[PDB]
Every structure is written in structure tokens, then in C-alpha cells.
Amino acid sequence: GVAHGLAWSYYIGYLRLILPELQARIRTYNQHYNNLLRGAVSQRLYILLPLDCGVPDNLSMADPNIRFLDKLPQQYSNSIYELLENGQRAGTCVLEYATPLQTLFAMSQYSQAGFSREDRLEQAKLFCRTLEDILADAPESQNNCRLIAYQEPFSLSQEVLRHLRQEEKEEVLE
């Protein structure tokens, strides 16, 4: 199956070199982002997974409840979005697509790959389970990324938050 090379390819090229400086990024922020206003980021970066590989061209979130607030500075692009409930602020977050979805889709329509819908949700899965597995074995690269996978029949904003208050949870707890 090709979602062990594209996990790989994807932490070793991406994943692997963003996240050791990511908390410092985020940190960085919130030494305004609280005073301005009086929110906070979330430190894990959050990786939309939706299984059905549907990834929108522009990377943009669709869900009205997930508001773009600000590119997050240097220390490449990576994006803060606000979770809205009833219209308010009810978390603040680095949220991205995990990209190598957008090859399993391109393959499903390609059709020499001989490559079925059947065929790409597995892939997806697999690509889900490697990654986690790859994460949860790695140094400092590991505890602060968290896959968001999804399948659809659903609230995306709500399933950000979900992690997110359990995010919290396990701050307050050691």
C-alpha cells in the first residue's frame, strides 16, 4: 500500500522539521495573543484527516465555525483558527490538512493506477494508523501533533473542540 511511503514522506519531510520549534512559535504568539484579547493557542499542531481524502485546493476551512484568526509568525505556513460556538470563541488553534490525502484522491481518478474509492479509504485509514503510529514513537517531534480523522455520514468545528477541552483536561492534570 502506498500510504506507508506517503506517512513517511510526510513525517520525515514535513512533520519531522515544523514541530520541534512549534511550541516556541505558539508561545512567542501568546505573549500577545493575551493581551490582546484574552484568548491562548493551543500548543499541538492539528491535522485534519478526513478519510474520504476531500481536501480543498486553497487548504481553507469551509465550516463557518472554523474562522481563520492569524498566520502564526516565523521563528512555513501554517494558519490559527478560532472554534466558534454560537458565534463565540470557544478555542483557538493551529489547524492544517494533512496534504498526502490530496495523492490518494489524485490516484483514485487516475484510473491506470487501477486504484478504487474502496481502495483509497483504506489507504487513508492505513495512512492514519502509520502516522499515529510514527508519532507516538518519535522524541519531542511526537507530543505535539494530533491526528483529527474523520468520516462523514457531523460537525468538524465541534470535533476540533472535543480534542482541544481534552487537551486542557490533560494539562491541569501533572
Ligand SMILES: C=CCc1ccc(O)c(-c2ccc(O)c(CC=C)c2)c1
The other form holds:
Number of protein chains: 2
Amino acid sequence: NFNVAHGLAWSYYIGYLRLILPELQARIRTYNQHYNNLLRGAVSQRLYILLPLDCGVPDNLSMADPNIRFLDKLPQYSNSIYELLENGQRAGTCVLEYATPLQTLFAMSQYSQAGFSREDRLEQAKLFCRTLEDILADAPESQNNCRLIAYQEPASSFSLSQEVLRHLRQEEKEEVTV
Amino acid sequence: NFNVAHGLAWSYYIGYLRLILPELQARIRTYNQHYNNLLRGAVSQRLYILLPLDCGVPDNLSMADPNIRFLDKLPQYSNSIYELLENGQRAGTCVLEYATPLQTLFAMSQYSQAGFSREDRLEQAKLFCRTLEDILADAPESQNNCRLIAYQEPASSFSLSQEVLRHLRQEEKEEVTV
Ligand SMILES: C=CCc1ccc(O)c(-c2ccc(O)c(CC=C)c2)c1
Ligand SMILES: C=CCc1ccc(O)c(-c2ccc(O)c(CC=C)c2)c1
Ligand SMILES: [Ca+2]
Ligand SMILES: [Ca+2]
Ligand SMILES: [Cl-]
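Return the structure block for the form deposited with the named molecule bound; the form solved without the named molecule was the one displayed.
Everything in the complex follows now, all chains and molecules, and the chain you saw is the first one.
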């Protein structure tokens, strides 16, 4: 009954994730030869998808957290590698991306004829997370190479960099134990 | 009258330099995007060809000078990027290569039926330098993208790294002034 998130999630997977994920690991593997050689680091293998529940998608990641600095472009329509800073030290490296459909939810909430409120936007943002999560679960070489980071920035200290970092560190713990 | 260097130089240019040089700059340009991004450095654009007059070609560059450390493989039969060290600091970066025909001159000097002495080898090594130099001079997109480094290690402190470094620094002086 009027749930826009359902089609937004399906569309985001069918029209985008399913197309770009399969080779993303190859792309990152090809790249990681040089990062290991050049900077004695490795870029995580998964695509990290930022799902802020305020549907707030900035144009630069650095505007949302200065500890997230653009690093490089995955050479491989366009994917970017970011470094995560702690105390000015590089703590992690990451192909990182806002889920675009959340801008549609924000735009709908500023569009008066939709009758879509801020409370409606937040419920749709959660449902979009739940739905995309279910879709990836039933997908074979999609769930394995990307992970979803959903968070409400609070009402107000919040480190998006630390929230990505606990995930990056978790992913690595899984690679080496299992 | 029995000058082997003449054919060795022609063959080294016709069969190898002429084939791999034309794109080498593209290869290095493509690569230099990431070195600038990753390590705030740039890999010199020319191919540097080591021409030791003792025809002594080691299997590792580092065995000939520990201040020349392998860095990376030009991604692009096989070309390698080296870093040059000064006091443990990276001072330069460089696609660096021994001229292979000099191994033939060395092997000939250890082959008894050739009647080729160490004095013969050194004259042929010099003539090979002179001849390759003349060939590159009359070649358009060959001379511009490689440079020849000829040297006699003395009889005995000698820094091959410093000898490459003065050249790298000279090449850069030319890029920015002219
Ligand atoms: C209904 C919209 C979902 C949808 C469908 C197809 C797409 O390519 C993208 C998309 C997602 C992220 C992107 O970054 C881009 C390209 C922008 C630079 C497109 C979304
Ligand atoms: C007569 C010999 C000159 C000559 C002719 C064709 C070649 O490909 C090479 C050559 C030079 C440097 C190289 O590194 C290699 C491949 C070895 C890894 C071949 C020399
Ligand atoms: Ca926000
Ligand atoms: Ca030597
Ligand atoms: Cl690279």
C-alpha cells in the first residue's frame, strides 16, 4: 500500500548493483596489486554502501566526515576509493558509495504534492534497507561482494569514519578466520 | 672489419626498442595517475637503459646497488619500476633496464674459440653505445622516450643509484625549463 521503497530497492539492485558488482572484485584485485606495492596496504574487496536514514547524500564524502578523504578512482559508471583517517593516520581503505535512491526519498519529502512527510521518509528509508538486504541475501555473487551500512546520525557527535572502520575491521576478521 | 657491436645495436633497436618504446609513455602516463595519487610522486617518462662498460648484467638491480630497490611492474615483454634511495629516502622513480646485448659481449669473451678478449669486449661495448646513440638520434619517437646511461665502474666506490639520479634530475630540469 504505497511503499515506494519496494520499487526503489528492486530498481537499485536490478539496474545498478547486479550490473557493476560481478567484476568489482576483479577491478579491486587488479588495483590491489599496486596499493600493496605502493603503500603497503590493501583495498577492501567489498563495495560499501552508505545508507544514512536521514536520506542526506552530500556531494563529497569529506563534507559528511573530514576523516574520509578521497584517495583514488578505481581504474576499472564511476567508483571511488576512500581512505579513512584516525588521528591523521590512514586506518582503512575502501570503495565507498551512498545509495542513490535515498536522494529520491529526500526529494519526495521536499515535494509538496507527494504528501510525503519526514516521518514517511524515515519509514521508507528503513524499508529500503530491509528490502535491499533481503534481495542481496537471495543473490549469489552480489551479497558476497558488497555490504550495507545503515545508521541514523543522532540529534550530536557522530563519526561516519568510525562506523565504516568497525565494518572494515569486521570484514577482515572474517577473511582470516573463515 | 669484425665489429659485432654494429649488428647488436641495430638488432637491439629494430627488434626491441622500436617495438616497445612507442607506447611506453602511455603505459607510464596511465600508471602515473596512481603514483601521484598514492605516493605523491611521478615515475619518469623515459626508459632508462643501463650500459655498463664491463658488460656486467646482474639478475637483480639491487645486487649491483642496494639503493636501487624494485618498486613495481609497469602494468602495460616485461618492464620494471625501481625506486632510487638516498639515506633511506626515496629520491627518484624510474623504469630501468640493462641493455641485454652486453651479456652477449660478456659471453663471447668467456668463449674460447671466439678469440675475443676483455680488451675486445670493452671496445665493442663502447662502439655499441656509440652506435645505439646514433640510431636513436635519427629516430623520432624513440630518442625522445628513452635515455642511455653508460659508465665504467672503476677499479672502488661507485654509486649506480647516484648516476641514475643525476640523470633523472637532469630530465626533470629539461621538462620544466623547455
Ligand atoms: C531508480 C533508480 C535506481 C538506479 C538505477 C540505475 C542506476 O544506474 C542507478 C545509479 C546508482 C548510482 C550511481 O552512481 C549512478 C550513476 C551516478 C554517478 C546510477 C540507480
Ligand atoms: C640480438 C638480440 C637483441 C634483442 C632482440 C630482440 C629482443 O626482444 C631483445 C630483448 C631485449 C631485452 C629483453 O628484456 C628481452 C626479453 C627478456 C626479458 C628481449 C634483444
Ligand atoms: Ca547526515
Ligand atoms: Ca659491474
Ligand atoms: Cl595502478
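Superpose the two forms; the largest set of C-alphas matching within 1.5 Å is the rigid core. Positions refer to the first chain, counted from 1.
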Only residue that shifts (Cα, 2 Å or more, rigid core superposed) between these two forms, among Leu121, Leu49, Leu45, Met61: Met61
